[PDB]
Structure formats: C-alpha cells, structure tokens
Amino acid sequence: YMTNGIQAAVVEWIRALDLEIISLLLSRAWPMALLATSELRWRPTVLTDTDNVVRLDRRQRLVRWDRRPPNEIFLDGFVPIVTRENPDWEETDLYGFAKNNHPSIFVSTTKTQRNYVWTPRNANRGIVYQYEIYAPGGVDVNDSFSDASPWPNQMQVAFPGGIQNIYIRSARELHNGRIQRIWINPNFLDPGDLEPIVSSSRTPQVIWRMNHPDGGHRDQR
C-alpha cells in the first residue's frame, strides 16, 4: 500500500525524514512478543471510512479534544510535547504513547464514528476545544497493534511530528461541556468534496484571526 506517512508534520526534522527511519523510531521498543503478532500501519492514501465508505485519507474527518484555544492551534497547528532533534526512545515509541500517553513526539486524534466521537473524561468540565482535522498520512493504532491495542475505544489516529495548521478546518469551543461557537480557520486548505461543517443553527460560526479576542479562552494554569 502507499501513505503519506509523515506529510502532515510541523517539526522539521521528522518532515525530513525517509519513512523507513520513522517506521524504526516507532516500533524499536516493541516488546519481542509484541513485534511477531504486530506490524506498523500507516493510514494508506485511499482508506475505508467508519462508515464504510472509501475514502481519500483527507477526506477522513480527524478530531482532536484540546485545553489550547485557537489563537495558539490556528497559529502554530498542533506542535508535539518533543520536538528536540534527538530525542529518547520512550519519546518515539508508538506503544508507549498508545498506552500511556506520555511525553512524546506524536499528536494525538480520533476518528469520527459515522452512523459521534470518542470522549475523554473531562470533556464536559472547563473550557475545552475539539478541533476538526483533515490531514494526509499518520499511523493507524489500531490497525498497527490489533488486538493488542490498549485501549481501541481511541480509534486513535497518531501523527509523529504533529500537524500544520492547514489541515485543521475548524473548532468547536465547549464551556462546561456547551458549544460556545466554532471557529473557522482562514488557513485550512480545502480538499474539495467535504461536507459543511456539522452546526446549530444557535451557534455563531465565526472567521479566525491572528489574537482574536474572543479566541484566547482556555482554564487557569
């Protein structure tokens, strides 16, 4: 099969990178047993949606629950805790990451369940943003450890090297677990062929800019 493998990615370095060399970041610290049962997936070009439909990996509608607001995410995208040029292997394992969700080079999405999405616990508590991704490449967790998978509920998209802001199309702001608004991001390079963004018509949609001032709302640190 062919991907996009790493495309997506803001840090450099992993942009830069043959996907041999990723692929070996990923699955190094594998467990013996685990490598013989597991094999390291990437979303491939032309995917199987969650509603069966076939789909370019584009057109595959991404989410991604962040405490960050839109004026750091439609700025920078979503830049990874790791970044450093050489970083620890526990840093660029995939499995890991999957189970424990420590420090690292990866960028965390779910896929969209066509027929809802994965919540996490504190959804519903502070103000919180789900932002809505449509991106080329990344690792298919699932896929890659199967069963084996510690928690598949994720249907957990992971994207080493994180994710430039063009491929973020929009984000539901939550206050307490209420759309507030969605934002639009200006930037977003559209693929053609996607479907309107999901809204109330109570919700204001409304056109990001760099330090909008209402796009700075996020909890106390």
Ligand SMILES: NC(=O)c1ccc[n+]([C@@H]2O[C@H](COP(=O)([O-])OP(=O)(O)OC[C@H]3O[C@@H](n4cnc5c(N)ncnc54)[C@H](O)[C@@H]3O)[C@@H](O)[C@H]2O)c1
The other form holds:
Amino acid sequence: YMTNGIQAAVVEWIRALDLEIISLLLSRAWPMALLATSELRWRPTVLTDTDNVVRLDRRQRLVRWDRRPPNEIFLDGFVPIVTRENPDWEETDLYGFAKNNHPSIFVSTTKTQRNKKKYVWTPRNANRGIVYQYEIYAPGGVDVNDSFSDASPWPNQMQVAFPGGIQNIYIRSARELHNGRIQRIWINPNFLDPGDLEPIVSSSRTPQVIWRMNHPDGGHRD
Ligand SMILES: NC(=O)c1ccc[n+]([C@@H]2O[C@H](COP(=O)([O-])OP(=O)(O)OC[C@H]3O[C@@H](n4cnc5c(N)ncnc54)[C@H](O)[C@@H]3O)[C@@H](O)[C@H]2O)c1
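What I would like now is the form solved in complex with the ligand, since the data block earlier showed the form deposited without the ligand; can you produce it?
Every component of the complex follows; first up is the chain already shown.
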C-alpha cells in the first residue's frame, strides 16, 4: 500500500532518509515472537477510521495532550525529545515506545473515537493544572494497534506515532484547560486545510482566539 510515511517530520535527518531505513529503525529491536505476528503498519493514504468510514489520512482527527503552550507548539510544531543523528536502539524502537515511552524520536498522538461522540484517550492528570488538547490533521505516521494487533501493549491509547515529529501546519487548534475547565480555543492560522473537515468542537460560551508569534495570553504553563 501507499503511505506518506514521515511527511509530517520536523527533524531533518529523519526527513531526509528513505522509508525503508526509518522502518528498520522502528522494527530492528522487535523479538522473533513479535516479528512472526506483527508488521510495521504505516497509516495508508486512504484508511478506515474509528467509525468504519473510509477517509484520507489527513482527515483522521488525531489529538495530543500536552502542557506546553501555543507559543511553543504552533511556532516549532511538535519536536521529539531525542533529535540527535545517532540515537540508541531504545530511543528508536516502536514497541518500547508503545510499552514504556522513555525519551524517544516519536511524538505520541491518539485517534478521535468518532463512534463514541468524538471521545479520545485522556491521561489521568488532564484535569490538574494547565493542560492543552491539540487537534492534529497530519499525513503519515505509524498506527500502533494495527502494527502489533493482539500484542499491542496499551491498545486503549489508540496510538499513532510520528518519528521525527509533527509540523505546525498539521495542527489546527488547541483547547486550553485550567483544572479540567475550558478557557479558550486557540486557532492556528498556518494550518494547511485539506477540506471536508468538521467544525472545531466549541460551545457558544467558549471564546475562540487566532494565534500569532509571541501572543500575550499564549504562553500559560505550570
Ligand atoms: N501525548 C498524548 O496525548 C498521548 C497520546 C497517546 C498516548 N500517550 C502516552 O501517554 C504517556 C505520556 O506521553 P507524553 O506525550 O506526555 O510523553 P512525552 O515524551 O511526549 O513527553 C513527556 C514530557 O516532556 C515534555 N516534552 C515533550 N517533548 C518535549 C520537547 N521537545 N521539549 C521539551 N519538553 C518536551 C512533554 O510536555 C511532557 O511533559 C506515554 O506513555 C504515551 O505513550 C500520550
């Protein structure tokens, strides 16, 4: 099948490499028992979504929970923790990323479960402090559950991994939560719109704000 692969990556050395080389780095540490049953499943250009409707990869609504504010995220995109050119095998492994998540080349996201009224996997401390729920509409990425199947360590997370990061042009919006209570919905003006996307999930009470570089209210964190 055809896949955009690492089109969303912000790290330059991952962006330059061939998909077979990046695929090797993700799968090289997999045990023989895992290799027998599992395959490295990149999200295809046309995929079956969580509500069993066939959509393009860029129309699958992904989400990333993060405590960093819009002034970081809409400026730089999502940069992974490990960006160096010669990482360890633990830092490039998809299975260890899925199982443990120690500092790695991947940026984790979760799929919108559209069969359950746009539910997403929520971390336990989402309602503590200042937290942002970033809305992502990106190409490529590695589907974790499709890859490992029954051997997927935490399938409730519904992970789509992005080795080398996610560019800021694929992030549409961000819901600013203060102790699990919505304050604002940030709008990314540099979002490359693929068309046919549903409206941003918002009440009449919640004020929507268009972001710019060094926004006055756009750098709130713990
Ligand atoms: N982020 C999500 O919404 C999401 C989605 C699905 C699964 N998970 C799982 O939940 C757990 C938590 O993941 P996570 O996303 O918080 O882990 P992470 O490695 O992305 O980051 C851990 C901490 O580092 C910060 N951080 C990340 N990249 C940074 C950078 N470049 N510079 C500075 N700080 C940076 C994050 O804000 C966070 O506080 C993992 O097991 C992950 O697999 C998370």
